[PDB]
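First, one chain by itself in structure tokens, the form deposited without benzene-1,2,3-tricarboxylic acid.
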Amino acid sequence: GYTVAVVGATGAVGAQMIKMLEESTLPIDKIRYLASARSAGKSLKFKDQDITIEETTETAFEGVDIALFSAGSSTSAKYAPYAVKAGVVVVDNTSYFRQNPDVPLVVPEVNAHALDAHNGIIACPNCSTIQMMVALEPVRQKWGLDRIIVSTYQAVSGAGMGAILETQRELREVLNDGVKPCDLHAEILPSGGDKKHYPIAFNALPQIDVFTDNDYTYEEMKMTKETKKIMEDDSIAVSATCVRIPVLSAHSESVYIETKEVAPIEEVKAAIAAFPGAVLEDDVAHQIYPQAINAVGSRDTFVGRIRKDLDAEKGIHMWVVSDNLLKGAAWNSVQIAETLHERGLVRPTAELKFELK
């Protein structure tokens, strides 16, 4: 069996990582929970056992076979290269290593093969990207992809535990204490790292992450570049608008594509249904489409509202929904680990290609 480590166990994603590891087929001899110095000493369950939380340091990875990181891009930049030096395979849920050519960026159903040439770090893509890739890969395979335009309806759990609490408290202040929404005080959303902060209660904020030089945010640009890397095609045009909405869990996405060849809608429905990790929920006559609340707690990516464009020959609209902390993060990460084990890729790496900080 393996010794597995969760770095960032106490967080929103880390807690889903525990839940997914508990339900995993991965044979674990020893489980460790890692976090910052304040969390060290507290107890936290793995199945029925009590586990002690430990400080994350440069020396804390000896004897570790697999480490799942979800502790923000700062904790991965500092500590992940040391884990690799110690003989760990790191699966990173943060954005830091995602655009490194030495790091495979992986959704198991789409680009499992990229895992074979890993140099110790495997990047988990952005949650909004992952569900889109699940929904679109089966179409790409049969008919090609010319362009994607996507608008997202993203839940607040992606922004961390604090965002959930902020949202819930804003909603209770409006509903119980009768506070105008434009009078609410916010501390986190739209982006903890940015200068100004706005309420999300009864609102739709068209900022996720911070702004880049081209006036798209880092989230939208991650959707663009991560798509090109996962599907291994730099010629796919991707433009996105990323919006936060008053949902705790589950991202929804309105997706528009143009294929390389015309794709009969019923063949598209069938192709998406036949694809692992994607579930067709499309029966408009009985008002069946994917819904965020129904997706909560499930590993699948649910797709419906599939219909052709009213004017573009090759254009298709659809609606994609997934638990953002499961397939969007923790399940993707654990599925990567299960896949690493399937393929005999849980072993030390010989050449370190990631400078130590």
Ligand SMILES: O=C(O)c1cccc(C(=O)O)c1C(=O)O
The other form holds:
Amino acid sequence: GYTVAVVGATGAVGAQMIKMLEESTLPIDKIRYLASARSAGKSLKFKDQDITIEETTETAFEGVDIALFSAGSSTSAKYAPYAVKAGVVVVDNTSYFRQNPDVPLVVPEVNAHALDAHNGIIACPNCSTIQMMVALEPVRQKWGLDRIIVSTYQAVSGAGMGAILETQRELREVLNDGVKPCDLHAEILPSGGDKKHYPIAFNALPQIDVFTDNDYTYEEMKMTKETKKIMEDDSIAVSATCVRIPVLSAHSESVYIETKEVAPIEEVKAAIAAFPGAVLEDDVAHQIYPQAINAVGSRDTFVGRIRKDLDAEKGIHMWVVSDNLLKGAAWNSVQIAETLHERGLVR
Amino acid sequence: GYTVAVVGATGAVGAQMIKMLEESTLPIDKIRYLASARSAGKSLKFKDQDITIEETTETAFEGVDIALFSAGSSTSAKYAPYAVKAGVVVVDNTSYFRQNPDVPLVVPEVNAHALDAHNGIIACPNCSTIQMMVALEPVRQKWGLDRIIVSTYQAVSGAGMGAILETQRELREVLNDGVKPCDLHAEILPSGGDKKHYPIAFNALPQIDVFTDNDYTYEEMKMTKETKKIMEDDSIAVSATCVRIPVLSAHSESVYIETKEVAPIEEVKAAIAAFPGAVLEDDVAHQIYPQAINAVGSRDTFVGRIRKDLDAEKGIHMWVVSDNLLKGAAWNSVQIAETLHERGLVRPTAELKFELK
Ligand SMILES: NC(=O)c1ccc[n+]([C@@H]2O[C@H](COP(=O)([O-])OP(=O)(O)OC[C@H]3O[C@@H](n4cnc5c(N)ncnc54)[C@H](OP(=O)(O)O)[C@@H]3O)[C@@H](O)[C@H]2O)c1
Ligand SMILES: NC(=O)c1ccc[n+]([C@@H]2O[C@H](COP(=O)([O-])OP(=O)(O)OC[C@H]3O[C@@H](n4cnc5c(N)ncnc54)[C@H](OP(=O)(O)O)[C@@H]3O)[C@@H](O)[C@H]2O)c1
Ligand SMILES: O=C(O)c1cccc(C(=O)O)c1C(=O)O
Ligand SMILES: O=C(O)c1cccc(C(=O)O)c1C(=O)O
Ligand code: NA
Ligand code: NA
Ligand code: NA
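Switching forms now, from the form deposited without benzene-1,2,3-tricarboxylic acid to the form deposited with benzene-1,2,3-tricarboxylic acid bound, please provide the structure.
Now the full complex is given, and it begins with the chain already shown.
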């Protein structure tokens, strides 16, 4: 079997990477947990075994077959090249390598073939992108995609363990102490890397990541650019609004598309139901639609509220929900690793 | 001055109608508070005065000049026509009369002229529609509107006191008692009138109101139909997704439009800033944008994240936030009443045009 390293083992995604690896079909002979110097020497479980956390260094990857990076774009930029030079296959959860033309950007149900071209690094897309691609690829295949407009409803776990804890504390202050939401102290959200921090409790923050020069955020632009690369079609117009809401896990998305050919709604529903990784949950007569609280803990992407636009012949609206730490991150990464093993690409 | 009645004085909107009337420019000689028989006989304040709550009945409107209704569409259907018959001018904050061609459907900054033709009932639009109209009217005036696609992020107060209390209870059960959100018991949300109820705590529910036969909800279709009427243009294409989130008050909206002519994006910002009732809050270099928690308690509607679509020449995206109990309900209604007073329109109607139930 393989020696597998999890870089960022101690964080929100890393905890789920451990769970997904424990549950994986990858033959794992040895597991290593890497994080920063401040976590080094502590212990975490792999199944019933205690694993000592190691500091991530330029020389830490000797003997490793597969390294799953989920420690921030900075850590991947710094250490992933050293891992690759040591002969490790890197699956990177971060944004750093995603737009590199020599790096496959993969959702296995959509573009697993792109893995065949890897040169030691495979990038996992952003969580919001991944779930949208699972919902939309079956439609693209049959009727084409001309454009996408999406508004997201993103859970705080996407911003890390600290953001989860900040959200819980803020909510308790309002509910238990009677603090007005606008009076709350915040330190992390909307973006740890930006200058000002705002409460998320009882709020909706229209900022994920930092702003780019075109006044879309980096998160919005990641959805645009990653979609084009994954679907291998720069002609698909994509514009996004990405919003943080007071949900701990599971992202929801209000997705509008226009197809190239008119796609009958009942056929769209069937095509989505038929697509691996997508689950149709759509029966409005019984108030059945995807819900964040029900999606948590599942690797599936759930799609419903599917309906024609009221005016645009080729327009369709839908609602897409998935656990942002599973299909949006740790499960997509472990699924990549399993696909590399299955296809003889761990080399 | 006037005798003013508030129908539904004891609920979420009614509390704000009281506040907005206490702060209004209406000359008020006498206030009456109406609600159900359960509440009748109890007392609520107007300023320092104790007001005895009355039962809403066909005979409760004698001597009333203006009545603000916010007690459910059924209550308005049943009693507003009797108030009109008694000589009252009704400002109705329910959906019931909104699509009646004899009823102006008004946001005062947008279409106050429609008040001139009233027949005793003036309808306040749905909260989601109102804030979107305040943001979009200045754009429409200059560059036109071809279509709107909107996804909403709606606060629980929109669904009433019970929904607020349910939300608070659920969050406490999760955060203090360790209940998993999927194990929570709900009784009200997403829709009190529908068959199944789901938790809102740590959730996003893509259902507001019941479903219609075209698979859009009544809320989504209200946005569509009300927009066309308020803007007096059935050619404006509007499709909506309306979603409840765990916010107590203030609705937010991700709004996409295509204009008829290209609208320079900085001029769009300027036009919105210049429009009464809309406040431009848009400086992304300093992370300035509208936020629900900051909008609560303000009558203004806040607009930012204003930016061009990446591909559609005439496409524009923005983020619109307003307090759904103030501009979305009680303030729009009181503002309508003030506008009626100012324009000499508080007068009994000559002919009854509304069905008596
Ligand atoms: N696909 C996606 O959309 C997606 C979603 C979420 C996250 N991610 C990626 O995963 C990263 C972590 O996310 P998270 O939610 O798990 O964050 P988190 O809960 O804050 O955890 C951060 C992790 O990174 C480690 N780390 C920080 N600085 C490090 C350094 N200099 N060297 C080695 N390790 C370091 C931390 O270890 P210590 O405990 O030792 O500090 C911790 O394990 C993100 O920054 C992002 O790039 C991707
Ligand atoms: N424009 C908008 O978007 C908007 C927004 C929110 C609400 N509204 C309208 O306002 C209504 C109330 O909303 P809310 O949030 O204030 O709800 P709420 O907190 O549940 O309050 C309901 C109010 O309606 C009264 N009521 C119920 N049954 C009645 C009856 N048979 N006769 C007279 N009054 C009765 C209640 O009186 P008791 O206390 O005596 O039961 C209470 O005053 C909604 O149903 C809707 O039609 C409009
Ligand atoms: O670097 C980060 O701190 C980060 C945090 C959350 C999500 C992402 C991402 O692009 O998926 C990223 C990222 O890799 O840019
Ligand atoms: O009657 C309701 O149950 C209701 C509840 C919340 C908002 C509205 C509304 O459209 O103003 C309505 C409504 O009047 O339709
Ligand atoms: Na296209
Ligand atoms: Na203004
Ligand atoms: Na006058």
